[PDB]
Amino acid sequence: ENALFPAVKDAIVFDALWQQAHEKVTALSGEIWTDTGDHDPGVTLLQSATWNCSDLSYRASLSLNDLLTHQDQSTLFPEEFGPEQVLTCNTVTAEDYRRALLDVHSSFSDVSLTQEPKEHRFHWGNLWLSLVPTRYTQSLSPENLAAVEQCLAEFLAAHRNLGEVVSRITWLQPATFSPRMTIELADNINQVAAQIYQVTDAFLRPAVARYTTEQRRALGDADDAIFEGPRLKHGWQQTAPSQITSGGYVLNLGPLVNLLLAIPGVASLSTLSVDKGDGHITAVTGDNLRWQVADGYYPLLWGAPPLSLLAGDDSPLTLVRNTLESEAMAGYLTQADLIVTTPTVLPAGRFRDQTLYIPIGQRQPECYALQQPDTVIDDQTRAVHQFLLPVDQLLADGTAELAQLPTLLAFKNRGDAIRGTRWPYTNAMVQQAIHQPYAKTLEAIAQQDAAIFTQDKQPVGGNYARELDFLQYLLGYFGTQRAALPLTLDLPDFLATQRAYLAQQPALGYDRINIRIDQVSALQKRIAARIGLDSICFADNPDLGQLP
Amino acid sequence: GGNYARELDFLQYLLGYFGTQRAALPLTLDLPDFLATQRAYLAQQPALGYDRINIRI
Amino acid sequence: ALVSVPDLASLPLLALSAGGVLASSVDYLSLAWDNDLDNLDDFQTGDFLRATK
Amino acid sequence: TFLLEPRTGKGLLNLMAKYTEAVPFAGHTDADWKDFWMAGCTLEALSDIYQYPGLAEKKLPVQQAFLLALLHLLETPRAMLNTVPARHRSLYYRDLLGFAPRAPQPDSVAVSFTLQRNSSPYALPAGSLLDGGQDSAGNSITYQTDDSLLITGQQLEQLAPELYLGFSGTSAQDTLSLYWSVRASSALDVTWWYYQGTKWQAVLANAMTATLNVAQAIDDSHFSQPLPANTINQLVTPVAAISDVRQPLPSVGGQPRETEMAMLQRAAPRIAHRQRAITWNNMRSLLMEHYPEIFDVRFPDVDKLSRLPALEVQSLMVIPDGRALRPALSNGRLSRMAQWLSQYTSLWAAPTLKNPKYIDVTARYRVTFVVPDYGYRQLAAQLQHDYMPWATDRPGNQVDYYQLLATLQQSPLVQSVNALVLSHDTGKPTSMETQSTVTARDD
Amino acid sequence: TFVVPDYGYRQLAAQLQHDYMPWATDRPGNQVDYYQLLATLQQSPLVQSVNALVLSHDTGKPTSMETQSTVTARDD
Numbered sequence: 004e005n006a007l008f009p010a011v012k013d014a015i016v017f018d019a020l021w022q023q024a025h026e027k028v029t030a031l032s033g034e035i036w037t038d039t040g041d042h043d044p045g046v047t048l049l050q051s052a053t054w055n056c057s058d059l060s061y062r063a064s065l066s067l068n069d070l071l072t073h074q075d076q077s078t079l080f081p082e083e084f085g086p087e088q089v090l091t092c093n094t095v096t097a098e099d100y101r102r103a104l105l106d107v108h109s110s124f125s126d127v128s129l130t131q132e133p134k135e136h137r138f139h140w167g168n169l170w171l172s173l174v175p176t177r178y179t180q181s182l183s184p185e186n187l188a189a190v191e192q193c194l195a196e197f198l199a200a201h202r203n204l205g206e207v208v209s210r211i212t213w214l215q216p217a218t219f220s221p222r223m224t225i226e227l228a229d230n234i235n236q237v238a239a240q241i242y243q244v245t246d247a248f249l250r251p252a253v254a255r256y257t258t259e260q261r262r263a264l265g266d267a268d269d270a271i272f273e274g275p276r277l278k279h280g281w282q283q284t285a286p287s288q289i290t291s292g293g294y295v296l297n298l299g300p301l302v303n304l305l306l307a308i309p310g311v312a313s314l315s316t317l318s319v320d321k322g323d324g325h326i327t328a329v330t331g332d333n334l335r336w337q338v339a340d341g342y343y344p345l346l347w348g349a350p351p352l353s354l355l356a357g358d359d360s361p362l363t364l365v371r372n373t374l375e376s377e378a379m380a381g382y383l384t385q386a387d388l389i390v391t392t393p394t395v396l397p398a399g400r401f402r403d404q405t406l407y408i409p410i411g412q413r414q415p416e417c418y419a420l421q422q423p424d425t426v427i428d429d430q431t432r433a434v435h436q437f438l439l440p441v442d443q444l445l446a447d448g449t450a451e452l453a454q455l456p457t458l459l460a461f462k463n464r465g466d467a468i469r470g471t472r473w474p475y476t477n478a479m480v481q482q483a484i485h486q487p488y489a490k491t492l493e494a495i496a497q498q499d500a501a502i503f504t505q506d507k508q509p510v511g512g513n514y515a516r517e518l519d520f521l522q523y524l525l526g527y528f529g530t531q532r533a534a535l536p537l538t539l540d541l542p543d544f545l546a547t548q549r550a551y552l553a554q555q556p557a558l559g560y561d562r563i564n565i566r567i568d569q570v571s572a573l574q575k576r577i578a579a580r581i582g583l584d585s586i587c588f589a590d591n592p593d594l595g596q597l598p
Numbered sequence: 511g512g513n514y515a516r517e518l519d520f521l522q523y524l525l526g527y528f529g530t531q532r533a534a535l536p537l538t539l540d541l542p543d544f545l546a547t548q549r550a551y552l553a554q555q556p557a558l559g560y561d562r563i564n565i566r567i
Numbered sequence: 173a174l175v176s177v178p179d180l181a182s183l184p185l186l187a188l189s190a191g192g193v194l195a196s197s198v199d200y201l202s203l204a205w206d207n208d209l210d211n212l213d214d215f216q217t218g219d220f221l222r223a224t225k
Numbered sequence: 019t020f021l022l023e024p025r026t027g028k029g030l031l032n033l034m035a036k037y038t039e040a041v042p043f044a045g046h047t048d049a050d051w052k053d054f055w056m057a058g059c060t061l062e063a064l065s066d067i068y069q070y071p072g073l074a075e076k077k078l079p080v081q082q083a084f085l086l087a088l089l090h091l092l093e094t095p096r097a098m099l100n101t102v103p104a105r106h107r108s109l110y111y112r113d114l115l116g117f118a119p120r121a122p123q124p125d126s127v128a129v130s131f132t133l134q135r136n137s138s139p140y141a142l143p144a145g146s147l148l149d150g151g152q153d154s155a156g157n158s159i160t161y162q163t164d165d166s167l168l169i170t171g172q173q174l175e176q177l222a223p224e225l226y227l228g229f230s231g232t233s234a235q236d237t238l239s240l241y242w243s244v245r246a247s248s249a250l251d252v253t254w255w256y257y258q259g260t261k262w334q335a336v337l338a339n340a341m342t343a344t345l346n347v348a349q350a351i352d353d354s355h356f357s358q359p360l361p362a363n364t365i366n367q368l369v370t371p372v373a374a375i376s377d378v379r380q381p382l383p384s385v386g387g388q389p390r391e392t393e394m395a396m397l398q399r400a401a402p403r404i405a406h407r408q409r410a411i412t413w414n415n416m417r418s419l420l421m422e423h424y425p426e427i428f429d430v431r432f433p434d435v436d437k438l439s440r441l442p443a444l445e446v447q448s449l450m451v452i453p454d455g456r463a464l465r466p467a468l469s470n471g472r473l474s475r476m477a478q479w480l481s482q483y484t485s486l487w488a489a490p491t492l493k494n495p496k497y498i499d500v501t502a503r504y505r506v507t508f509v510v514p515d516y517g518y519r520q521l522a523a524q525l526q527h528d529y530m531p532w533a534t535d536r542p543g544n545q546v547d548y549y550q551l552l553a554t555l556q557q558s559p560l561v562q563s564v565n566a567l568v569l570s571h572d575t576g577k578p579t580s581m582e583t584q585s586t587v588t589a590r591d592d
Numbered sequence: 507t508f509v510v514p515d516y517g518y519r520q521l522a523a524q525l526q527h528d529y530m531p532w533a534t535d536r542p543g544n545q546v547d548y549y550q551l552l553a554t555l556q557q558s559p560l561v562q563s564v565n566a567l568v569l570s571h572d575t576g577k578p579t580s581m582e583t584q585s586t587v588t589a590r591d592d
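Residue numbers (the authors' numbering), protein chains in the order written: chain J, 4 to 110, 124 to 140, 167 to 230, 234 to 365, 371 to 598; chain J', 511 to 567; chain G, 173 to 225; chain I, 19 to 177, 222 to 262, 334 to 456, 463 to 510, 514 to 536, 542 to 572, 575 to 592; chain I', 507 to 510, 514 to 536, 542 to 572, 575 to 592. A prime marks a further copy of an entry chain.
Treat each hint with caution, since some may be false.
To be verified - Straight-line Cα separation of at most 30 angstroms, DSS-like style, residue types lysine-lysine; simulated pairs:
| hint | chain 1 | residue 1 | chain 2 | residue 2 |
| --- | --- | --- | --- | --- |
| 1 | J | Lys27 | I | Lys28 |
| 2 | G | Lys225 | J | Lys12 |
| 3 | J | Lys27 | J | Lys12 |
| 4 | J | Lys462 | J | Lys507 |
| 5 | J | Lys278 | J | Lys462 |
| 6 | I | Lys493 | I | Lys437 |
| 7 | J | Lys507 | I | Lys36 |
| 8 | I | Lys52 | J | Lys507 |
| 9 | I | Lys437 | J | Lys134 |
| 10 | I | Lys77 | J | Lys27 |
| 11 | J | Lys27 | I | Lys76 |
| 12 | I | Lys437 | I | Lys496 |
| 13 | I | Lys496 | I | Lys577 |
| 14 | J | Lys134 | I | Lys493 |
| 15 | I | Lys77 | I | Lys52 |
| 16 | I | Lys36 | I | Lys77 |
| 17 | I | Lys577 | I | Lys437 |
| 18 | I | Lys36 | J | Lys490 |
| 19 | I | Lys52 | I | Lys76 |
| 20 | J | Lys27 | I | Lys36 |
| 21 | J | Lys490 | I | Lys28 |
| 22 | I | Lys28 | J | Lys507 |
| 23 | I | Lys52 | I | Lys36 |
| 24 | J | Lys490 | I | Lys52 |
| 25 | I | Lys28 | I | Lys52 |
| 26 | J | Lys507 | J | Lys490 |
| 27 | I' | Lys577 | J | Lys321 |
| 28 | I | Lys76 | I | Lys28 |
Since the hints were derived computationally from the structure, they do not count as laboratory data.
This is chain J alone, in the form it adopts within the complex:
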């Protein structure tokens, strides 16, 4: 509850207000209105108006989560105005296609995105791409592989900046580089072999870390660092290999305090003797340092874990003694997989709002009025009804403006007024039928003096100016600025241009990059709202606008 009430509780409680009013009338008059007891009628009227003003002040405290709820919308802000849809994240334009692609294992590692290497032009520049599929290259894709390929195709359709879509995808073939080592242990099996498989597999592909946003902000960063790149449906990446090169790369491990130090981590094993029991992938000169040169196609391990369980094993585990290994390590003792999904942010509203107003005349005691309407009173008991009418509507305008501040400070759907204005009476209330044969006339006065008048606008009433002031102030949130006043356009279409430019702020961040074919290419509508047009440039359905 950001609510102001313990802050203003010593300023809204009708004794402070009554002494402020009483000193005011003691100052203004003072030798005309000399008696101020509770027996003069004007004192009672003024203190009743003071009670309604204190009501209006108490309504104007609580609370900021409660004043802003509309009536029916679950959240205060639209969820597209939340983080990771606003211009904290982006759509991908850096190397971050990598981190845009290392989350789709739910329905694989090492995306490499680059450009065409100073040749292979079309001869009158595009991009190339490079993937290793590791856990998509399976038995489960002789035909699912084509569906994965077209999902990649519509991914690349979804991410295509201003020019130069990619041209080559380059599926990258394996090498089954499966080494051989022996280790030795002291106490207690089939779990250490599964962990050794996990460590040797995770050593090949570089690093993939996927954090929950609250898991990551517990590690000690901020949301401007968390909400950076893509909209990750899973996790938060931070890695930057690029293990893929173009000369094949030497892939290499294994020192006393380096690449061989991630093998004794398994909490059973002593020192080793490691061999490379294959000849397809070469080894550079120097085996006591042991770099193993690849040539532009990626290594895998043994394939199946039953291919780790031949008569000829590749990891014998001596204890003193056969130390056999079963398929227990393959089905279980080996699962380390979780999944992350984000609902992207929700705040909650309350709506303790109102339409209730109590007029001054029924605060008054039962010897003046509340008599039935235009039947029993005698044209002077109606005179105090008309005396209290401007005071009642000035007390009601605070209620009316108060019940429009969620749509006065609105982004998407904005109203057509500056402030609030309400007729302060009700059916089954006496003071409506008394004020009846001019009731439509004067509420039309206070309504047009608060609206912006949708057609040919208010020329000297600066309601058209004040709406642009609202637009200036709200566009100043998003690091933008209201377009300047056209001295040669129409007014209402310019106003509809500006409010729709406000209403799509998080959408207007993406379409600098990744022009989809099915919109007006909202960089174009960014320009088309920098100067006020809005022919079709918002509500994107029709054609025939201002063409780029």
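Got chain J; can you put chains J', G, I and I' on it based on the hints?
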């Protein structure tokens, strides 16, 4: 159920009184005869001090 | 206190009827904050208002 | 700032004067009720009494006093309601979007520890609780030693054996510890050619037997002020080696807790740009966000952007501040600036940065003075200060003629100007700017 | 290779000499393992990447050495 492990934990802790240590886990024996071996090794600690010397027939 | 409201009621009267159950001068602005009133006339002739201290 | 409700009791009274004319003075006929509230004064005269109550001399018709008391009461919920949109903005930045004014950084100093007269080389552990004044709030701030060292008596002969340097503690196992205070550089390489087991861009200062410190975090009412040579001793005194300990220099960096206004000012560009360099002024804003030496960044010309050989180099001019007059920053760091900004660009961008060109412009005054020669020098220094604001402040690329006129004759020692013919390479009523240069004004 | 020149060799030599003759200061093995010395070296915080650790006793890299009449030691 590591009750077989926990009994060997008892044996380790009690054999640690007498300056000895529980025999390591055989990966190739039966379990119950090994457990009966270990508890009888605990049960004769003061007797197992003498017969380094003075083999009686 | 758990004060019932009557027909034709008001919070200065509902604070005097809650300040007699507790004998502690329960200062009507704290009644509308403790019971989550909206506009100082929210009670509807038969609902209860809880007054502590 | 932005208000969310204008129209005070003047505006309310205007609305009320429009409003009450629709009501007949009932019981009587052909009489507006607006006559009742506005009898005695006009609208503006009544609003004047509303601002200043003494304009009524304790008398006016009591419905007007009633109404002004009403409006003075109604000012209060309007005042609560004008406190809404700022709270809306802060609610949107803090609750959503998780923005926060970031925490301050700790200080770092280097203290020297000269020895006693003749005791021994004495060892200090890491974290020796060096003292650094009291506070701004009233509890003692202390700094701690980052690393253990020994204190031997190493003094410093001028810049006896070293490569470029010399000392007066030449012994075996000298274990010398220096402190350097140097400007930014390009990471040179030195050999330090002597041997220790056998005996025998500009800097700011040095020290001997020194070790860097940090601010030991316990509390604060500072980090807005670096400590100015304020350390003279430390906590509990070793008599083993203190004749003195001095820091010579201020602390390295405080970077205090930012204001909420600075937090909003950090937050609004970071939703203007997406932490990306896509178009122009993504580059300007992102590059001035990260390097404070950059005064401004200008852009290439519009038609130059609109030529059929799409340039594919994305050049943009960077004017530094010298940290003098007409500054030009070293090319050894501009390639690193471009390389830093390139990882936040798109692909196929590769932008490059240039020191500007400097075209000084002269013009002669021929001006009369008030009340001789001194006025020319004062006017020259004044007019030279405000046209190269990268010297001191934080301009235009062009220079206007008549704006320079109205700049000159408003000066309090200037009587009357006669002829201000400009000269670039020659005519008076002109201007000058190109989008590859930065103009300047001599004389 | 080192992180961030020559100084790393001297610091690594003193470090690696300290923990293999613990009778100098502390309170080891008779043998010296190869890959355990690997995983001893590349975990050092100034060590980037090791290339070739050929041992020499009297000559081959992926080996060990101990006899039950001697105590091994490690220079360099």
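message = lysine 437 of chain I and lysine 496 of chain I were given as a pair; does the straight-line alpha-carbon distance stay at or below 30 angstroms?
response = Since the Cα atoms of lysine 437 of chain I and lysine 496 of chain I sit roughly 18 angstroms apart, the hinted pair holds (cutoff 30 angstroms).
query = Is the straight-line distance between the alpha-carbon of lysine 36 of chain I and that of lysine 77 of chain I 30 angstroms or less?
reply = The hint holds at about 25 angstroms.
inquiry  = Can you confirm whether the C-alpha distance between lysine 490 of chain J and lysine 28 of chain I stays at or below 30 angstroms?
reply    = At roughly 25 angstroms apart (the allowed maximum being 30 angstroms), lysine 28 of chain I and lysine 490 of chain J satisfy the hint.
inquiry  = Given the hinted pair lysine 77 of chain I and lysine 27 of chain J, is their Cα-Cα distance within 30 angstroms?
reply    = holds, 12 angstroms
query = Is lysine 496 of chain I close enough to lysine 577 of chain I, meaning Cα to Cα at most 30 angstroms?
reply = It holds: about 23 angstroms lies between the C-alpha atoms, which stays within 30 angstroms.
request  = Would you mind confirming whether the straight-line C-alpha gap from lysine 577 of chain I' to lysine 321 of chain J stays at or under 30 angstroms?
outcome  = holds, 16 angstroms
Satisfaction of hint between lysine 12 of chain J and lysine 27 of chain J, Cα-Cα up to 30 angstroms = Given pair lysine 27 of chain J, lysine 12 of chain J holds - Cα atoms ~22 angstroms apart, limit 30 angstroms.
inquiry  = Does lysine 462 of chain J sit within 30 angstroms of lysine 278 of chain J, going by the straight-line distance between their CA atoms?
reply    = Between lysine 278 of chain J and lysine 462 of chain J the Cα gap is close to 25 angstroms, so the pair holds against 30 angstroms.
message = Next pair to validate is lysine 134 of chain J with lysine 493 of chain I; report whether the Cα-Cα distance is within 30 angstroms.
response = holds, 25 angstroms
ask   = Is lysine 28 of chain I close enough to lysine 507 of chain J, meaning Cα to Cα at most 30 angstroms?
value = holds, 24 angstroms
query = Is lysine 52 of chain I close enough to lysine 507 of chain J, meaning Cα to Cα at most 30 angstroms?
reply = Given pair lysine 52 of chain I, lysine 507 of chain J holds - Cα atoms ~28 angstroms apart, limit 30 angstroms.
request  = Sort out whether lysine 437 of chain I lies within 30 angstroms of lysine 493 of chain I, counting only the CA atoms.
outcome  = Judged against 30 angstroms, a Cα distance of about 16 angstroms means the pair holds.
In summary, the structure agrees with every hint in the numbered list given earlier.
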